[PDB]
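Novice: As a plain string of letters, each chain reads:
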Amino acid sequence: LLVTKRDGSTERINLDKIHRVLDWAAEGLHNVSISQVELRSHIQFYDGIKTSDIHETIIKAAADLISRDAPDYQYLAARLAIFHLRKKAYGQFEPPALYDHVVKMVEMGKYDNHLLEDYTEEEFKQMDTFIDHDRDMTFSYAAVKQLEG
Amino acid sequence: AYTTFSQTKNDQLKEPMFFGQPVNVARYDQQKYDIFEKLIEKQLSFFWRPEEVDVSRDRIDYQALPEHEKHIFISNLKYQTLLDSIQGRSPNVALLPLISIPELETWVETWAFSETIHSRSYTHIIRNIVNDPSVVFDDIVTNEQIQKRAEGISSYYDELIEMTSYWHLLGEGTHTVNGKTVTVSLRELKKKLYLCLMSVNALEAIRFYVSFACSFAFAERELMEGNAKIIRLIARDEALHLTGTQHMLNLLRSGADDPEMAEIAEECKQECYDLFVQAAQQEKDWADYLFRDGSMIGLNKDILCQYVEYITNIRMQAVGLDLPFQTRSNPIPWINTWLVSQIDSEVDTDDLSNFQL
Amino acid sequence: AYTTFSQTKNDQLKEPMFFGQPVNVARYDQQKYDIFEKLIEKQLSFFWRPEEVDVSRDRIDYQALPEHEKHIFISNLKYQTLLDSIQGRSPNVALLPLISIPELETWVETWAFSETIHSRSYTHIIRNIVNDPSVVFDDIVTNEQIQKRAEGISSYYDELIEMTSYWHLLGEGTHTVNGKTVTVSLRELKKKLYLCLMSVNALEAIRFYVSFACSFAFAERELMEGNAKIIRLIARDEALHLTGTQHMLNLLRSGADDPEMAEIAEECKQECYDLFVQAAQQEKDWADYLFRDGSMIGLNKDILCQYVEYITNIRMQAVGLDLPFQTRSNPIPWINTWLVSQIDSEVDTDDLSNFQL
Ligand SMILES: Nc1ncnc2c1ncn2[C@H]1C[C@H](O)[C@@H](COP(=O)(O)OP(=O)(O)O)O1
Ligand SMILES: [Mg+2]
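Residue numbers (the authors' numbering), protein chains in the order written: chain A, 5 to 153; chain F, 1 to 341, 360 to 375; chain G, 1 to 341, 360 to 375.
Since the hints were derived computationally from the structure, they do not count as laboratory data. Among the clues, some could well be false.
Stated by the list, open to error - Here are the computed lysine-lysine pairs in the DSS-like style, where the Cα-Cα straight-line distance is at most 30 angstroms:
| hint | chain 1 | residue 1 | chain 2 | residue 2 |
| --- | --- | --- | --- | --- |
| 1 | F | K38 | G | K78 |
| 2 | F | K229 | F | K38 |
| 3 | F | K284 | F | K229 |
| 4 | F | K9 | G | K148 |
| 5 | G | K38 | F | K229 |
| 6 | G | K229 | F | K42 |
| 7 | F | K148 | G | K14 |
| 8 | G | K229 | F | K38 |
| 9 | F | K78 | G | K42 |
| 10 | G | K9 | F | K148 |
| 11 | A | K64 | A | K114 |
| 12 | G | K9 | F | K284 |
| 13 | G | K9 | F | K78 |
| 14 | A | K21 | F | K284 |
| 15 | A | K64 | A | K9 |
| 16 | A | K64 | F | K229 |
| 17 | G | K14 | F | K78 |
| 18 | F | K70 | G | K9 |
| 19 | A | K64 | F | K301 |
| 20 | F | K42 | G | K42 |
| 21 | F | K301 | A | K21 |
| 22 | G | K42 | F | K38 |
| 23 | G | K78 | F | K42 |
| 24 | A | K91 | A | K108 |
| 25 | F | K229 | G | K42 |
| 26 | F | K14 | G | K78 |
| 27 | F | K9 | G | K284 |
To be verified - Stretch by stretch, here's where chain A covers chain F in the computed footprint (C-beta under 8 angstroms, at least three residues):
| hint | region |
| --- | --- |
| 28 | 208 to 221 |
| 29 | 290 to 301 |
| 30 | 319 to 332 |
To be verified - Computed footprint of chain F on chain G; a stretch qualifies when at least three of its residues, placed anywhere within it, have a C-beta under 8 angstroms from a C-beta of chain F:
| hint | region |
| --- | --- |
| 31 | 5 to 12 |
| 32 | 19 to 26 |
| 33 | 89 to 100 |
| 34 | 103 to 109 |
| 35 | 121 to 132 |
| 36 | 150 to 159 |
| 37 | 171 to 180 |
Positions of the beta carbon are idealized from the N, C-alpha and C atoms, including for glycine.
Could you put the whole structure together from the sequences, leaning on the hints where they help?
Specialist: And the structure:
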């Protein structure tokens, strides 16, 4: 069977790619289950299934496992959703430079053009040192969905 | 020597669980340990037959599985078939010549019988998912990954029978058999029983529950659902079984039944610990063989090995042994599903007037 | 030596019933003798529990009985309790270490298990008619007329077990055990097995049916009908049991299963005849104790003894033994109910004219 990657290409279905991601999002968390997320996903595989739809399903599954007995699913579902939202905007996990991004966004009319008028490339690169993108790993799932939504 | 009906009238309430006077009259109006009478009544109420479960839809599910998942399922089935094959005969052969109270003798015979229903249900599942059941059955005896643990498990059973036979034929003491010296120690016989019960406890409370994870992990994917119904019925019996061996081990270890037995329990505390630890490592290596060609949605080597460490700590603590693994949360919580089965309008202004704004 | 899981991969279809390789894998997709697989399925379908039977009206009926009819019933009950107490454990202890085909091993465990329900049902009946069941149970061991009969049945069981232990520990041949010479003959062990099965056949096909007459004779008078319901369920099981021992004995005797066994069967044919005749002779003596204080409507010492002679001829002929008693019609035919389940007006004058007076 074949899945459809984010970049359009296709490769043989490999569940280890899913174990890797979930093991990552559950690392450090207490009383979470990789097996639970995969099974509660009830992910229906078909030939050519998009790898993006696969990830959104395991996000919903991990998000609905938030309970009193297992509170840390709020961070498992958040880390999965941040990972999904990173790919949605950049095509990768690593965010670009603040300047390269603002230039592209101001050019698309999605940002205000005053950003380039008030801050220089030397200043933008100085604020990219202020940024700590690992603070995306301190959100709860409800926080990430309000960001995305 | 063992007698099927001892002539001496003994108060069955004062007899020990094992090695006392062989039971004569089977009465169920009183018990020394009522745990076994409750287990009989509960096992009798759980009575099921394999044919009463629809497993015909599982053939489609099985053939649709990937080839490495056919391997996972069919290997866990051969191992199950082997385990409950030993469990079919052995509790009767190894324990009946030693039991000295009626409520425990009947329980062991009810326990062993319920295992034969499990053996029959494995025949039911096999003939309903594969084309030639002979392929599955004939592989169980020759298969290396099973045979290694099969001969290890049966040894504790075989040795208890053998020592029991010498204890009946010759009696306690030092003897001579065809130029060779043979010493029959009742204390060593009590030791071989305790070690056997510990091995049986790990068989039914760890080894089988590791297998239950594989049977139910397919059911969590709505696959092999006829099997799962049968395995779920088995797990309900298998819960009663390990409880029996638990109460036996604890009654022996606490010295309630036999004061000498409490001493023997402490001399074996190291052997029993290594016995359980060996079982957990064997099931981990078994998991390494199950997923060697790939994993499935919800189950891999790591997940299953975590359950091995999880369930092992629980079982060993229940029999008073130190925990060999780190404290861990349940790595497959989904398995527990299967293992345990207009406004009052009136106003009072005077009451409101009692108020200063 | 006996092993709970034999290492050898053997064609279980070609093994003999007994003394072959101990069974390893319990499979039920094939049988050498399908009689035992059919016996298993039928015994599993007859599964009943004693508590599901209404016996509350039996307390009043029993206490209303005359003193001598209380004696008949409670004595026939104690004898039943003793017989199915032996039958609960003995087929497991005496036959399981010897069986070498799986369908027979599982049948013996199913057979023995169904006997444990009988033992539980006797406890159910006893505790529902008497005030202190301890009085009834404690008499079984001390009563002279019952304890005497226990030694006759258990001897064939005990002797087979002991010889079985020597054959497992030492093997066949001449040995020396603590200054004594001990010769272990497999032909003598096969001889001890056959004689034991003959005694069990006489127990289940003659001795118990003598008891069935007493339980049902009270029911024909609409008394103790809760007991009768249970005894009828037991008799339905007891029909399967004697069928099992019949097929074992006949397969052995014909040499079909073991050619050597056909020879041994003829050497015992006189022992087996005297074994059955003695059993019938013993039940007659038992009838004398039931009616020593008086008889009841429909049953006395003579009536029951005629049934002993009647039922003995049937069973002995079924196992290839000569008939010891005279041919007789069934003296209690009622027992078989319990053991098995506008004128047409037209006239034709022309046709009448075709007639000469
Ligand atoms: N061959 C495959 N089969 C099944 N799932 C896969 C897969 N490759 C990746 N995935 C999973 C892992 C991720 O949780 C999810 C998408 O993550 P990603 O790394 O952004 O996608 P991709 O690797 O397709 O670019 O899909
Ligand atoms: Mg990827």
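Novice: Each hint should be assessed against the structure and marked as holding or not.
Specialist: A quick look at each hint next to the structure:
1. F:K38 / G:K78: Given pair F:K38, G:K78 holds - Cα atoms ~25 angstroms apart, limit 30 angstroms.
2. F:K229 / F:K38: Within the cut-off at roughly 25 angstroms; holds.
3. F:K284 / F:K229: holds, 26 angstroms
4. F:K9 / G:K148: holds, 14 angstroms
5. G:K38 / F:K229: holds, 25 angstroms
6. G:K229 / F:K42: holds, 23 angstroms
7. F:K148 / G:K14: holds, 26 angstroms
8. G:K229 / F:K38: holds, 25 angstroms
9. F:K78 / G:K42: Distance of about 27 angstroms is within 30 angstroms: holds.
10. G:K9 / F:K148: holds, 15 angstroms
11. A:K64 / A:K114: holds, 29 angstroms
12. G:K9 / F:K284: holds, 26 angstroms
13. G:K9 / F:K78: Holds - the C-alpha atoms of F:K78 and G:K9 are around 15 angstroms apart, at most 30 angstroms.
14. A:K21 / F:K284: Roughly 23 angstroms between the alpha carbons, so the hint for A:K21 and F:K284 holds.
15. A:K64 / A:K9: Holds - the C-alpha atoms of A:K9 and A:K64 are around 20 angstroms apart, at most 30 angstroms.
16. A:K64 / F:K229: Measuring from Cα to Cα gives roughly 28 angstroms; hence the hint holds.
17. G:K14 / F:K78: holds, 22 angstroms
18. F:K70 / G:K9: holds, 24 angstroms
19. A:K64 / F:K301: holds, 25 angstroms
20. F:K42 / G:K42: holds, 23 angstroms
21. F:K301 / A:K21: Given that 30 angstroms is the threshold and the Cα spacing comes to 15 angstroms, the pair holds.
22. G:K42 / F:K38: Measuring from Cα to Cα gives roughly 27 angstroms; hence the hint holds.
23. G:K78 / F:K42: Holds: G:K78 and F:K42 sit about 27 angstroms apart, inside 30 angstroms.
24. A:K91 / A:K108: holds, 17 angstroms
25. F:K229 / G:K42: OK: F:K229 and G:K42 at ~23 angstroms, within 30 angstroms.
26. F:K14 / G:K78: Between F:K14 and G:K78 the Cα gap is close to 23 angstroms, so the pair holds against 30 angstroms.
27. F:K9 / G:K284: holds, 26 angstroms
28. 208 to 221: holds (count 3)
29. 290 to 301: holds (count 7)
30. 319 to 332: holds (count 4)
31. 5 to 12: Holds, because 4 residues of the region 5 to 12 of chain G bring their Cβ atoms closer than 8 angstroms to Cβ atoms of chain F.
32. 19 to 26: holds (count 4)
33. 89 to 100: holds (count 7)
34. 103 to 109: Since 3 is at least three, the answer is holds.
35. 121 to 132: holds (count 3)
36. 150 to 159: Coverage by chain F holds for the region 150 to 159 of chain G (6 residues, Cβ < 8 angstroms).
37. 171 to 180: holds (count 5)
In this structure, every one of the numbered hints holds.
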